[PDB]
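*Asks:* Read off the chains here:
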Amino acid sequence: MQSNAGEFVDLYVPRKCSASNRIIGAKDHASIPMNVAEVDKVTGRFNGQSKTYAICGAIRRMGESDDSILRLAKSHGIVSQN
Amino acid sequence: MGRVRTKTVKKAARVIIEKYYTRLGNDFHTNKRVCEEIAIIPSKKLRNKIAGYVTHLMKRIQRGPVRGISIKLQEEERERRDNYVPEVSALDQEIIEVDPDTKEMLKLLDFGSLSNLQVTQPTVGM
Amino acid sequence: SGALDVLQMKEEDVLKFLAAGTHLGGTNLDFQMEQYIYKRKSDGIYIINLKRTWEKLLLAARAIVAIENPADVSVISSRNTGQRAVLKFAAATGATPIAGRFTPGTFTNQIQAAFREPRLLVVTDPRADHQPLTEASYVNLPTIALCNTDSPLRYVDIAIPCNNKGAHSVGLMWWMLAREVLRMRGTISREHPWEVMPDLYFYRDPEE
Amino acid sequence: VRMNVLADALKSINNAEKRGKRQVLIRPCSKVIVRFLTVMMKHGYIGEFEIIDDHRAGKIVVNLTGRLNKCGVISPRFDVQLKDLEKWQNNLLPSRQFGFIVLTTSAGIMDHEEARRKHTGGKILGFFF
Amino acid sequence: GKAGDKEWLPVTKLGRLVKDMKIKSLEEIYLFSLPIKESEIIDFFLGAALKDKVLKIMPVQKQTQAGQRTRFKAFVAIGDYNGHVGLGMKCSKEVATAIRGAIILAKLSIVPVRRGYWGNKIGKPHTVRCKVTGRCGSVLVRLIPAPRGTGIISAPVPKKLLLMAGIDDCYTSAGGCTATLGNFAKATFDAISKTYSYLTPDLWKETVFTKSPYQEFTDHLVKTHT
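Chains as they are written, first to last, in the deposited numbering: chain X, 1 to 82; chain T, 1 to 126; chain C, 2 to 209; chain Y, 2 to 130; chain E, 38 to 263.
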């Protein structure tokens with residue numbers, strides 16, 4: 001957040017979950033980052049740079065996260081036509 | 001009557017059988033004198049109890065495995081059951097066929113072998 | 002799948018799926034399990050798609066790879082069928098098994114001596130191991146498990162459908178799970194027969 | 002009955018956004034709802050929206066994001082005279098800095114920030130933030 | 038005579054990374070929304086700006102066949118004047134032990150606040166970003182933003198918390214039974230929490246999802262550490 005100078009304030013800028021577009025607080029212990037491993041996709045062997053996600057507790061606790069994690073990987077890979 | 005054994009007996013009885021399994025007999029008097037040497041029990045009457053329960057446990061340990069304490073040879077036979085069972089080496093009998101509506105899935109996923117057909121009657125409980 | 006046919010399901014594995022009856026799934030359904038099913042028979046039994054099973058296997062396994070420590074991907078199962086299977090899993094691949102009764106408080110205590118902080122979980126059957134799932138949402142653990150048609154989804158991030166009512170469906174699936182993580186991380190890769198088989202991930206099954 | 006159409010409309014998109022959705026169905030499609038959502042789209046609280054056509058009155062479908070917190074209606078429709086304005090916007094907005102009271106004027110439907118630059122009072126409809 | 042402390046050997050993973058000093062601020066922790074399970078982590082980062090303000094020391098007591106039995110339940114506030122506050126309750130047989138139990142618990146539950154401006158900028162935020170609420174069982178508060186130099190206009194109870202928060206200007210109003218102050222202060226604390234859980238147009242730009250400290254610093258923790 002900006003000021004007169006454009007100087008940035010706020011002690012931490014919180015992170016905003018992928019499929020809910022809302023922000024998770026300092027205490028919120030049902031919110032998970034989930035690391036998918038990429039592969040080279042020529043031999044199907046692990047190669048470094050991961051795809052990382054974040055999900056909030058609200059969609060987790062109702063049981064909607066399973067669709068969100070699927071759709072996120074469906075707009076990328078690995079998922080073709082499921 | 002009464003005289004149900006306390007936890008102080010049952011705690012140390014298990015321990016003494018685990019670490020001195022070999023020394024045990026199945027006679028009262030021999031199992032007493034062993035407990036006297038491998039440990040000190042500060043009373044005499046207490047000693048006569050802990051021996052008798054150590055004896056009574058050792059009867060059952062020569063059958064199937066006790067669920068309160070472990071010995072070595074049971075963990076041997078555990079491992080022997082849990083690394084191969086004589087029932088199969090084949091997966092599962094190598095060829096198993098399935099009935100239609102499973103065949104339709106396989107048709108649309110490029111598979112077309114090793115099937116049977118039976119079109120079993122309607123319906124649930126009927 | 003992703004890569005064109007060097008990750009896609011082979012003709013071989015199809016036989017194993019059908020021989021272990023994984024395709025079959027129970028009578029009762031949930032509204033989160035509607036898409037995974039294709040259809041019903043003429044009888045009460047609903048036929049899970051095996052293509053849809055296969056895609057979910059991969060990113061599930063790829064997440065088990067993505068951690069840089071294999072000693073803190075804690076697997077859990079408490080059903081008798083799922084005891085022998087998980088024990089070989091976490092013996093072969095570096096992982097931590099928690100076999101039998103969970104003994105609650107082991108993801109939130111500072112006094113218990115079985116206290117652990119893992120990152121992932123891999124659970125068999127939500128409705129036998131509901132306890133670790135509830136405690137996972139107090140300390141930010143990602144979660145994976147094996148769902149059936151009638152198993153509800155709640156405090157799980159990804160499902161891996163299966164028949165799993167106590168069958169060869171169980172042990173086969175845990176074997177396949179351990180096969181994939183080695184194709185990416187390990188040197189077992191070649192994708193042509195591995196020495197270890199699914200004939201010892203199956204149930205103890207009381208002998209003669 | 003359905004005395005006021007716009008008032009029944011906003012509660013759906015309010016309820017839907019809370020549960021976590023991104024497509025809705027709102028009926029029965031008034032022209033008043035269209036120009037409302039047009040202004041609400043420019044600022045960026047919702048995405049593009051598709052008007053289905055029927056002879057009856059139509060139906061509208063919306064694509065939305067979590068940026069919206071709540072859009073409400075204010076009924077019945079009171080007048081504003083550009084000195085009453087400051088009193089309204091204090092009660093109805095979380096802050097001076099952002100939030101947008103909407104209204105209709107003879108110069109068309111618009112936010113309050115625009116009306117002040119045209120010197121036009123008029124009848125207030127709702128709000129959002 | 039004899040010298041040297043040795044205090045705080047971590048049994049917690051997060052605690053060990055702080056003790057080896059590869060986590061450089063609490064602001065990293067909050068960004069991943071981790072629990073904090075030890076009271077020395079916070080007291081390592083801070084500890085020379087944290088004050089305590091014991092609100093009430095309240096008796097409660099039940100009835101048994103031998104008569105009364107009374108335990109003392111005290112509330113204790115905590116906060117430095119830069120944006121971090123907390124609050125805690127605890128009860129025990131005696132007084133001092135309950136107080137010291139609460140001074141530990143309040144450090145554990147500490148959180149940051151988000152401060153903002155009135156309608157214009159001149160640097161250094163002095164008030165609350167947006168108009169928020171917070172309820173605890175029929176008590177609620179309506180923290181309303183205020184211009185500079187008005188001071189905190191509130192009852193005595195929330196005037197403690199908001200002043201420690203560094204929120205120097207605020208208008209408030211209460212609703213319901215504020216006599217039972219345990220509700221009243223927990224409802225204030227509830228409101229003060231919501232400040233970073235309220236979405237504003239500033240935060241609409243998308244996050245970069247930087248990798249976790251748990252992931253990057255895992256190399257030191259492959260010895261026997263848990």
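These are computed hints drawn from the structure, not numbers from a lab. Virtual Cβ for every residue (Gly too), placed ideally from N, Cα, C. Treat each hint with caution, since some may be false.
[Stated by the list, open to error] The calculated BS3-like cross-link candidates involving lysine-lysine, where the alpha carbons are at most 25 Å apart (straight line), are:
#1 C/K11 to X/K41
#2 Y/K22 to E/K231
#3 X/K51 to E/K242
[Unchecked claim] Here are some chain X residues the structure puts well away from chain C; computed CB gaps all over 10 Å:
#4 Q2
#5 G6
#6 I78
[What the hints assert, rightly or not] Partner residues aside, some chain E positions facing chain C, computed with beta carbon under 8 Å:
#7 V48
#8 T49
#9 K50
#10 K74
#11 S76
#12 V97
#13 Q100
#14 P250
#15 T255
#16 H257
#17 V259
*Asks:* Next step is simple, just say for each hint if it's right about the structure.
*Replies:* Evaluation of the provided hints:
1. C/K11 to X/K41: Distance ~17 Å between C/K11 and X/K41 Cα, so the pair holds.
2. Y/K22 to E/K231: 23 Å, holds
3. X/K51 to E/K242: The hint holds at about 19 Å.
4. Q2: With a cut-off of 10 Å, X/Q2 remains clear of chain C, as the shortest Cβ separation is near 31 Å.
5. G6: 34 Å, holds
6. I78: Answer for X/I78: violated, closest chain C Cβ roughly 4 Å.
7. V48: 6 Å, holds
8. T49: 7 Å, holds
9. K50: This interface hint holds because 5 Å falls under the 8 Å limit.
10. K74: 6 Å, holds
11. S76: Violated, about 11 Å.
12. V97: At about 27 Å, which exceeds the 8 Å cut-off, the nearest Cβ of chain C leaves the hint on E/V97 violated.
13. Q100: 32 Å, violated
14. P250: Violated, about 12 Å.
15. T255: 5 Å, holds
16. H257: 11 Å, violated
17. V259: At about 5 Å, which falls below the 8 Å cut-off, the nearest Cβ of chain C leaves the hint on E/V259 intact, so it holds.
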